[PDB]
Amino acid sequence: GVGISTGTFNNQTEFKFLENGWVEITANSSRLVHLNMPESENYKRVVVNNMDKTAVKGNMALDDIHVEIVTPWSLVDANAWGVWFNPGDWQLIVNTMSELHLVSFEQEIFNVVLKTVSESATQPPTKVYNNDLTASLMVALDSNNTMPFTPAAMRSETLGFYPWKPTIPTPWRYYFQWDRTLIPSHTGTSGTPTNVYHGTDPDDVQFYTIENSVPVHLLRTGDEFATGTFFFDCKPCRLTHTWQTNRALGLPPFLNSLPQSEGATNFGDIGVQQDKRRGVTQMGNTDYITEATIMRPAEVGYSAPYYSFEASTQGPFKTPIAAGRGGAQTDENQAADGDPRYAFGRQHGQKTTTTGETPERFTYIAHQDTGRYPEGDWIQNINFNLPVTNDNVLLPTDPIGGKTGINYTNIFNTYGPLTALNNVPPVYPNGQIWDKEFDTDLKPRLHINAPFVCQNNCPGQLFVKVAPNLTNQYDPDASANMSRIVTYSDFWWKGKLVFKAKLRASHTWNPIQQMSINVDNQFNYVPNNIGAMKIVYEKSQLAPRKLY
Amino acid sequence: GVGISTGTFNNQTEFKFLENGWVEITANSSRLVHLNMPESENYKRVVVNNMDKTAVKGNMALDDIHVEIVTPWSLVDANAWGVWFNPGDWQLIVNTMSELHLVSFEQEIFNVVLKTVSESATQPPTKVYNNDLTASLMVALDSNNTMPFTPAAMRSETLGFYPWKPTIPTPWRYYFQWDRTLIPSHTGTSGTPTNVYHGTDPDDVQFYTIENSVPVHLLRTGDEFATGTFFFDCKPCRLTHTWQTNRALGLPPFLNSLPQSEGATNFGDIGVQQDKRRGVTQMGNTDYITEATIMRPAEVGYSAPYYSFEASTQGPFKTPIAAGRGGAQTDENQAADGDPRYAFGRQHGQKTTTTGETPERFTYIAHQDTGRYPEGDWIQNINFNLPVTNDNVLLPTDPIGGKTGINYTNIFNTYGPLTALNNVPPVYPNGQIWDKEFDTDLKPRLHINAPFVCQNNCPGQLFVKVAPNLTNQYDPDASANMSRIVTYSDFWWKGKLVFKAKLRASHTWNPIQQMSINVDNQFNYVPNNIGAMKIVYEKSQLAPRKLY
Amino acid sequence: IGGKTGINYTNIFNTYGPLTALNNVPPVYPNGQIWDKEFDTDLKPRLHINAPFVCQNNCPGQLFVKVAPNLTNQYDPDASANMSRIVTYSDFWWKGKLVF
Amino acid sequence: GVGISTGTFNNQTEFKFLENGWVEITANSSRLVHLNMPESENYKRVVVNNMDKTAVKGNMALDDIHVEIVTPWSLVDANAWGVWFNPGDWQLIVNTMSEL
Amino acid sequence: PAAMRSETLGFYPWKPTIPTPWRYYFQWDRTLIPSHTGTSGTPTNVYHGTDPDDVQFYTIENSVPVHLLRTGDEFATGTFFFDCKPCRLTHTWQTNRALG
Amino acid sequence: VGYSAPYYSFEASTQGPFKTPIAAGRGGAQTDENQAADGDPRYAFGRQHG
Amino acid sequence: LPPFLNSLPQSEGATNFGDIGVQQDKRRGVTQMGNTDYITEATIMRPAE
Ligand SMILES: [Ca+2]
Ligand SMILES: [Ca+2]
Ligand SMILES: [Ca+2]
Ligand SMILES: [Ca+2]
Ligand SMILES: [Ca+2]
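Residue numbers (the entry's author numbering), protein chains in the order written: chain A, 37 to 584; chain B, 37 to 584; chain C, 436 to 535; chain D, 37 to 136; chain E, 187 to 286; chain F, 336 to 385; chain G, 287 to 335.
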């Protein structure tokens with residue numbers, strides 16, 4: 037069955053409006069995937085050790101040592117917003133929907149092709165491509181999620197974002213266990229710290245093979261493969277942001293004195309002595325009821341140690357932070373509430389005609405005011421007693437450990453039973469969409485990498501690979517490296533991701549932040565005279581929501 | 037029945053999504069109307085003659101002479117976009133709908149109040165307001181459209197645009213017939229032209245009375261009045277604009293030479309001698325097939341005389357133009373394709389805290405490229421024969437009538453059996469919504485004032501008036517002026533205007549013009565520290581549409 | 436800590452973890468709030484510090500009251516002024532029923 | 037309809053005992069509310085800035101700057117224990133109930 | 187929540203009360219750097235204003251149907267049902283030192 | 336049972352500084368507190384509410 | 287997804303390492319560090335912690 041197609045290209049996003057303001061978004065994405073023969077046919081256990089870098093005192097954070105199993109299989113990952121929606125669709129969703137529901141996912145492989153390269157070793161010399169009709173492409177869909185979960189978006193290795201531009205999958209590899217020690221130090225530290233990779237703990241070894249745990253399918257041109265329809269189990273993702281802070285929760289103080297003339301100088305006045313006011317407070321000493329002192333239900337947001345690194349059996353790792361805005365606009369603390377920074381290129385944004393190999397990037401800065409501005413933090417001695425005396429105040433300025441560039445905010449953590457928090461907002465187009473939950477007894481309240489964490493079950497991973505096209509000479513009983521015909525494959529991938537949205541309703545007199553084409557962004561949405569493209573990142577939760 | 041309310045306030049806009057991308061927009065608008073006793077109780081036939089102005093040679097266009105019947109009735113007009121939608125709703129409609137259908141209209145008057153002013157003529161002296169419970173408000177709804185149609189939007193006299201700000205109706209008046217002569221002249225004209233108002237032609241007299249042709253209703257506090265539901269008969273209004281011109285219709289010439297390197301200098305080249313090309317043309321002489329010479333199906337747009345005034349029995353009037361863009365952006369000809377200019381204030385936009393009495397205004401400039409740029413026009417002698425010789429070219433520069441500031445474009449008119457044209461686009465918020473068709477045997481292809489022209493039938497006009505609150509002294513047999521108690525009324529008006537929209541679909545790779553809040557417009561959508569408001573005009577058909 | 440005399444580790448300290456057992460805020464008579472609307476964040480807080488009852492999926496809506504504009508015979512929309520209106524005030528009885 | 041009342045005053049707390057030691061507390065609260073005309077009829081967007089206080093080094097905690105929308109509406113809030121129970125009821129609940 | 191600022195209805199059945207003028211937070215960017223009495227220079231105390239992408243002007247008239255009541259009229263809410271966890275009226279005294 | 340959290344900690348974000356909330360009860364003798372440490376609430380009111 | 291190794295070992299030996307083959311400031315990927323352009327195994331983004 038060579039002369040018949042086995043599939044259809046479809047990259048349309050359908051918006052189906054239902055009853056009561058609910059829409060059913062059907063994002064169709066098709067892509068032509070190009071796939072090469074594995075450079076090797078065996079699994080390799082490789083160690084990566086860049087001690088040359090960590091050898092330099094004060095370079096701990098640049099540690100890359102790990103051990104990974106290198107498989108002869110490739111992963112077809114489509115878990116990233118850019119694969120399903122273009123700037124247009126996205127603007128539609130973000131400007132009018134109030135919440136998003138991830139419903140189901142299904143993919144299929146069709147119109148498979150396998151060619152053989154022949155070196156017409158004459159003159160230049162030449163190269164001749166031919167069809168190997170009876171050759172097969174191997175396909176394995178790990179439904180049971182036996183294999184380790186490895187999101188390609190984490191390393192900008194998902195399918196590309198352009199319907200009219202071929203793409204490729206990524207060689208699949210996964211972490212193996214290993215013990216590693218690396219002691220912190222600074223430029224002036226003495227002696228040689230302790231930078232040792234101890235190896236692997238036998239009680240943590242887990243060598244996985246696809247061949248042994250997932251049925252594999254062989255497809256020839258005539259064949260096709262389709263996944264079933266997987267249904268997610270995730271909480272809805274909101275498309276609105278909160279702006280309220282503790283300072284803006286509840287009943288404002290009653291102004292006894294109101295401005296009588298226009299002018300951004302004419303303020304209103306509470307009109308009551310800060311120690312002669314009524315209200316509630318959690319400060320049993322003073323009688324000062326102040327906007328920064330009065331009681332509030334709980335606490336929106338929280339403080340966590342910044343540029344903290346922790347260490348365990350495998351080595352050091354940065355301490356993650358779940359947090360939004362908190363601070364002026366061109367007045368951040370990227371570190372404090374962890375604004376994510378995305379590095380990618382060409383195939384996932386970055387102008388296409390770009391040269392060199394320096395990735396493009398951006399630091400996403402959410403609209404939700406749930407972050408913190410450390411410099412504003414301070415601490416006072418129980419006696420209160422203002423103006424506070426230097427001996428009774430710890431400030432983001434006073435040093436810690438005699439260190440000049442470290443202070444309590446750095447060590448600080450105000451997470452507790454009163455912490456109100458929100459989930460990570462979606463990041464177009466470089467963000468991951470869904471993520472598999474940790475199989476720990478107690479799970480995390482959220483994941484920092486994706487807004488959708490399928491709990492009870494997630495779509496399995498799809499592995500692809502060109503099956504061994506051997507030559508007439510092959511001897512198992514001789515390490516050699518099995519000479520095999522240079523074969524490559526081309527197939528089309530088609531996926532269908534279904535969402536369920538809820539149309540928003542206005543509730544204020546005033547208009548609202550809406551995504552829109554300007555005379556400034558204009559050319560970020562259209563190709564140029566050479567056909568170069570790029571996909572600029574966009575914000576998602578533009579639109580306020582009352583928090584309390 | 038004085039202690040019971042007879043109505044409900046509702047100013048919500050409901051968007052109900054149906055099957056197949058059709059939405060049903062229900063715009064609810066409520067308003068508190070304040071109404072005063074008529075200054076007179078009789079109809080007056082008044083003549084307006086500003087000959088003092090037209091006396092000055094060269095001031096013909098400033099002619100205001102007319103005759104009108106002044107009625108003791110007031111008109112409650114709500115026919116203007118600003119009454120039904122706020123910036124928010126409007127942004128929603130304009131950014132996502134592709135077409136609009138005007139479905140039905142219904143209004144109602146409730147919670148009527150009538151008070152009596154008493155001058156406590158003591159010291160300052162004082163004023164005392166009292167309720168005249170048994171007094172009546174007169175209401176007349178001209179269902180049959182017996183009365184002359186008089187759109188208040190034409191003179192910025194519709195109900196106000198703010199739900200939380202009381203409004204008032206306009207004294208109703210209508211044109212009476214009259215013969216008037218005014219001969220054109222210029223500063224240097226000699227003698228005294230001819231500026232004569234001849235009066236009225238008995239065969240054109242039509243004195244209308246509401247009392248004689250429309251049943252009138254008397255409402256006391258306990259009463260209420262509601263219109264039925266009127267259903268319109270109008271063509272759908274489109275919310276997209278065309279950009280194609282004759283120069284961009286059909287198959288472009290095939291470029292034999294394409295640019296080989298980036299750069300807005302590297303052009304492509306047709307590659308064929310303009311007199312050696314194949315194609316069709318309407319120029320039987322030359323063999324020049326040129327982008328400006330090749331044939332096109334018909335003609336988008338048309339040329340019409342600009343700053344033309346015509347005259348008939350009543351006097352002079354400007355010749356109307358139905359036309360869009362046509363020309364660069366900051367490169368118009370406001371006159372040529374008649375861009376409308378709206379003058380209004382306070383109650384219908386204009387910052388509320390504004391002083392003085394100079395109206396606010398703007399000239400609406402549509403996105404549809406259906407206008408003309410005269411300077412580009414020219415005319416050639418039949419022989420063609422280029423480069424064209426001055427003696428065979430009439431240019432927008434050569435004079436006409438020996439006049440230096442007049443040329444053929446000024447006199448020009450290229451309307452014909454091949455003219456393709458579009459209807460007037462909606463103008464928020466100062467634009468009129470629907471308009472009653474002319475009862476002429478042959479009707480106009482469009483109206484320049486509103487996008488919706490109810491043909492077979494339109495909602496009738498609503499007239500309101502305080503009924504005569506007489507005093508104990510009244511003598512019919514004595515002209516006097518009937519002394520009557522100073523009475524005024526307050527009532528609530530509620531209307532419901534139902535539209536039917538169609539959701540748009542993207543069909544291009546590129547994004548699209550969308551309405552949106554900027555750091556520049558921001559404060560045009562929110563009140564200030566004094567509570568001042570204003571409603572900035574917006575465009576409607578932002579979004580391209582293929583014309584051919 | 437930080438060479439500061441009035442600051443020490445307890446001040447910076449945080450021992451919250453996967454083994455923390457905790458209770459909710461206790462009711463405070465008579466000045467305490469009774470119920471509170473939950474934060475609409477993806478991940479919510481284990482408790483609210485202000486009330487012992489946090490209605491999650493839904494809470495009673497807020498009740499807003501206001502005297503409607505009692506205008507005088509003189510009112511002109513087209514003039515910022517400040518709309519002179521009759522001095523009016525209102526008195527009404529409120530009755531609520533809270534079932535535990 | 038001016039000469040007819042439209043409601044009843046009730047500020048009784050009813051304790052209804054059921055089967056298996058469960059009681060159903062019905063707290064009734066009635067109140068006469070007095071309400072004045074708004075000082076203004078428009079919404080105002082006002083900024084509050086007490087820099088004069090935060091200007092003084094070491095006074096960070098006394099920061100009050102914020103922006104609020106001032107509405108011509110009033111809120112009728114009853115969410116606070118004191119509105120529903122008196123010392124007596126409260127003593128009853130607190131001394132004998134184990135959960136609410 | 188008005189309880190946050192002691193602005194709920196009053197606590198005495200036999201004493202008239204009043205509601206509170208409703209107001210709500212608007213978005214704004216503000217910087218204030220910590221300092222102590224002996225800090226040098228002038229820290230950084232700046233109110234940058236509002237971020238357009240966080241603006242949300244709410245109006246009651248535009249989002250909630252309003253009712254007009256005259257003496258003859260009355261208004262009643264429906265019965266709202268809460269969804270909250272039970273609140274306990276007992277306290278724990280055990281500490282880690284007294285477990286087991 | 337219970338946990339330790341930074342006391343008289345202020346954090347900052349887009350809007351400005353705010354005190355870090357604490358969810359905690361007793362812990363310590365009677366006339367032997369640390370009002371700050373486990374955040375005992377303080378209520379200010381008057382006339383109409385006490 | 288581990289970084290793609292442009293340079294792989296060609297002979298056995300626990301010394302023969304593979305090499306990413308791209309300048310740490312010339313790589314593509316995502317990061318939560320809005321300042322630098324350094325995408326590093328200890329710097330690149332991860333879902334959570
Ligand atoms: Ca930040
Ligand atoms: Ca023009
Ligand atoms: Ca144009
Ligand atoms: Ca903000
Ligand atoms: Ca304590």
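Note that these hints are calculated values from the structure, not bench results.
All C-beta atoms, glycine included, are put in the ideal place defined by N, C-alpha and C.
Incorrect hints may appear among the rest.
As the list claims (entries may be wrong) - Computed beta-carbon distance windows for the label pairs:
#1 A:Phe-345 <-> E:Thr-225: 44 to 52 angstroms
#2 E:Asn-282 <-> D:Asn-56: 15 to 23 angstroms
#3 E:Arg-256 <-> B:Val-164: 55 to 63 angstroms
#4 C:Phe-448 <-> A:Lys-52: 40 to 48 angstroms
#5 B:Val-164 <-> D:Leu-136: 54 to 62 angstroms
#6 C:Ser-525 <-> E:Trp-200: 49 to 57 angstroms
#7 D:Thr-132 <-> E:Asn-282: 43 to 51 angstroms
#8 B:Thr-236 <-> A:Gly-299: 54 to 62 angstroms
#9 B:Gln-370 <-> C:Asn-493: 21 to 29 angstroms
Now the hints, each set against the structure:
1. A:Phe-345 <-> E:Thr-225: 44 to 52 angstroms: At roughly 30 angstroms between Cβ atoms, E:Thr-225 and A:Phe-345 fall outside 44 to 52 angstroms, so the hint is violated.
2. E:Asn-282 <-> D:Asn-56: 15 to 23 angstroms: violated, 35 angstroms
3. E:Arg-256 <-> B:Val-164: 55 to 63 angstroms: violated, 22 angstroms
4. C:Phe-448 <-> A:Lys-52: 40 to 48 angstroms: For C:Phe-448 and A:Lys-52 the Cβ distance comes to about 54 angstroms; the hint is violated.
5. B:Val-164 <-> D:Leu-136: 54 to 62 angstroms: holds, 57 angstroms
6. C:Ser-525 <-> E:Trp-200: 49 to 57 angstroms: Since the Cβ atoms of C:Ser-525 and E:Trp-200 sit about 20 angstroms apart, the hinted range of 49 to 57 angstroms is violated.
7. D:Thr-132 <-> E:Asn-282: 43 to 51 angstroms: For D:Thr-132 and E:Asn-282 the Cβ distance comes to about 31 angstroms; the hint is violated.
8. B:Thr-236 <-> A:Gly-299: 54 to 62 angstroms: Once the Cβ atoms are compared, 57 angstroms apart, the range 54 to 62 angstroms for A:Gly-299 and B:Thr-236 holds.
9. B:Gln-370 <-> C:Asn-493: 21 to 29 angstroms: About 56 angstroms separates the Cβ atoms of B:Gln-370 and C:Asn-493, which means 21 to 29 angstroms is violated.
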